[PDB]
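Just the one chain here, the form deposited without the named molecule, laid out as structure tokens.
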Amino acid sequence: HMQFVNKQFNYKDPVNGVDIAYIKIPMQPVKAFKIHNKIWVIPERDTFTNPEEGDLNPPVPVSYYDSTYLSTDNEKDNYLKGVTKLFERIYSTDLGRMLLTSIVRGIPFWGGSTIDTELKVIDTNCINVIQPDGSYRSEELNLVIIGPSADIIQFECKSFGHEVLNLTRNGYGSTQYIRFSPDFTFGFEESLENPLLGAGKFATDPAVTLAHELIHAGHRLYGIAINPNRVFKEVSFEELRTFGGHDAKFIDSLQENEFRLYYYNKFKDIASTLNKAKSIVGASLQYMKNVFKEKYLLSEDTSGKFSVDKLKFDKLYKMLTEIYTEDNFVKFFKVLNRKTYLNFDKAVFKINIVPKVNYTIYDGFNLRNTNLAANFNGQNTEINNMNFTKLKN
């Protein structure tokens, strides 16, 4: 049986109000599946996180629009089993296990109250969960995997903002929503080693596509995201960090080090908010004080802990910013991947990673004991054409 995903959810499965539920994104309800503590999956196209982006009608170099995708319960059960299977694959790694744990730990901070002495949740770091008796109760979560909006292949990580606070960047953190599909993959290129096998089309293992957005999710959960302002003469610092590898030192070790001490200080600001705290709204004040100490790897002192172990911050901060990277995950999955984010994808492939004969948790497309095992022939869209239907812009 499983390990990350508690049970095997079918979309047919009956609402129970706890892990199978109709919810409201903080509008009409959607069935949602709590695959793991703090992590839900919504197998719908995302019409909800954007008040403007409330449609799927076509209006970016590579794009793909189909208003009907993720419409049938047959699609939604598959979408769910895909994300599930992709969750298991990423968790099957020492890297993916550690990052999912940082993500489950990374509970968004209680910086909600105008009141300086008071801890309160921020409304947006919740969903409203309709309990079978036909009533709604707010539940905190860290992560939502949701299906895409109009552009099917527009994968991202977003979060409800604060009227004053930069939640993903002040250390607080915020509930994270990933528009993601295990139902599509993009083509990239590399001509192997056999010096040159011309211009072939390999497919991205969508476990990498998912890993990418989780690393963003982890960044934004620990409120250590880099301002999307910060770019390369034009590519996001946050993306270059997230991709990692040869790209990673395009970001100067100058801003690398100011970014680090800026977050150290926003951690200390957070450790003072707790100590100064004398009240709580809605769990125990101390229980909730100890979840954030667990989160920010806080210390011990009988007067009232307070201290940030600058040595322990360093190990968390780097784990999140410099080890949790797309490149490192590529070495673990042992797949053919982009050698840079500065790439672009060329083609869009319809895939089905659900049937174990198509894709596994341990090898993805590149199945053991087959031709797909050699030379990443699993990911090669010319050889494994039976697992990739090319589509256009």
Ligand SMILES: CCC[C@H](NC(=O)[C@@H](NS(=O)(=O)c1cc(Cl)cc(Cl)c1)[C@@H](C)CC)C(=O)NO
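Superpose the two forms; the largest set of C-alphas matching within 1.5 Å is the rigid core. Numbering follows the first chain given and starts at 1. What changes on going to the form solved in complex with the named molecule:
Superposed on the rigid core, the two forms differ between these two forms by 2 Å or more at the C-alpha of one listed residue only; from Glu294, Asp123, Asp301, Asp133 that residue is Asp133.
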Contents of the next structure:
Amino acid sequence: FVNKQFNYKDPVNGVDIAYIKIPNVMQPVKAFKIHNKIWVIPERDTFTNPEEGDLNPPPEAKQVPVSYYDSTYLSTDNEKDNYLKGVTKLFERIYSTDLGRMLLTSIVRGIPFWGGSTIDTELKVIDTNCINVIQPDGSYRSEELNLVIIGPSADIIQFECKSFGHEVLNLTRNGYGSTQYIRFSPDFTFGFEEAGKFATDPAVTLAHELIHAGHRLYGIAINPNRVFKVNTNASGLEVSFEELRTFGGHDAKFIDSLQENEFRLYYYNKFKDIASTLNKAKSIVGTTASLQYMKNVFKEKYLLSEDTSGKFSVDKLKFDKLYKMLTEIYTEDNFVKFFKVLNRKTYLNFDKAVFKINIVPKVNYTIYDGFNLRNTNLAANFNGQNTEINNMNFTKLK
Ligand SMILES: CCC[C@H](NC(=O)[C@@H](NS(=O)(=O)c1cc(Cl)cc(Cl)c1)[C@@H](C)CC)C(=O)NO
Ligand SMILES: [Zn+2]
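Since we've got the form deposited without the named molecule here, give me the form solved in complex with the named molecule too.
Complete assembly follows, chain above in first position.
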């Protein structure tokens, strides 16, 4: 992924090290472009939501291990540079896998759809899928992006994948897609069990959120109000459809196949409606690109087919393979296979601890092995992820 190594200090160039302004809906922040369509903001997320940046906790917090609230985290350049280094390692670690390489490839190629004009012959960018990059003269220049890795808000361990919405349009649920703003930190991780056994490889945590940027970027995300089945332990919580697709594994069986049938067709007709909009396109808004460059971008995104007229169609086959890839190949469970790590086997493993970590030094954690370093004691029984055995790399907190 990252071609050049970046330092937070590194001078702004208005190209890949810039001060930037998020769709609001305010002050500029230093952000790094670590790859086409992917920016990292080494700041706490006090921007995406309305004044949801006070860092200070509210009334009664869920406390460790369900919440953490240090107001001071990601305040210092030294932390910010470590943060960037931290996300610049997990990406690569992710890229090193044939699956992560494909996923990231999916994310990069998944340009949000230029669905912003009221007139149905017109291709126009949705400004919410842009950032403003500050130029030498203090002027801003609309830029198109796919995914932003930003710092956590107040609750530091509240990692999520979110997106700006539309007055009418459900951009994550209509095949259009939307710029993603994942709120994440590689400076902490969750402990699970099966005495405090082990710890999550943050690579997996980040892989989870990217499986989200995936579905939301391709506009195939299940509505958050679709929860599921009651196969209770021998009085219990329920899990989101979306979250069950994404973790994968055994639990990705609890899902009514004829609700998956019923979606796999919903996002086919959505894709088809995209193919129509493009065919019916006579104008494009902007200086940037032609109606033909942008029609090929999206031909490329939605794996559309181009006849001799140059009319686009959705191949039911290419679609099924893409849908299978994003929805059921790209899963936390299948990542843990590739990473050769230990992870919660389900979503009902109440992480009983948040640990302080530093994945930056190649003595602590590396791209190839994570914590479980080869030619060390750690490379067996995931003794690298053991909170006990490897107490230096895992310091439980409050
Ligand atoms: C970022 C990677 C995963 C991610 N997990 C979560 O946010 C939760 N993690 S969890 O659901 O796995 C969870 C499970 C249990 Cl039993 C207990 C807790 Cl604290 C967290 C909590 C942080 C919620 C606030 C996710 O799916 N976001 O869409
Ligand atoms: Zn999730």
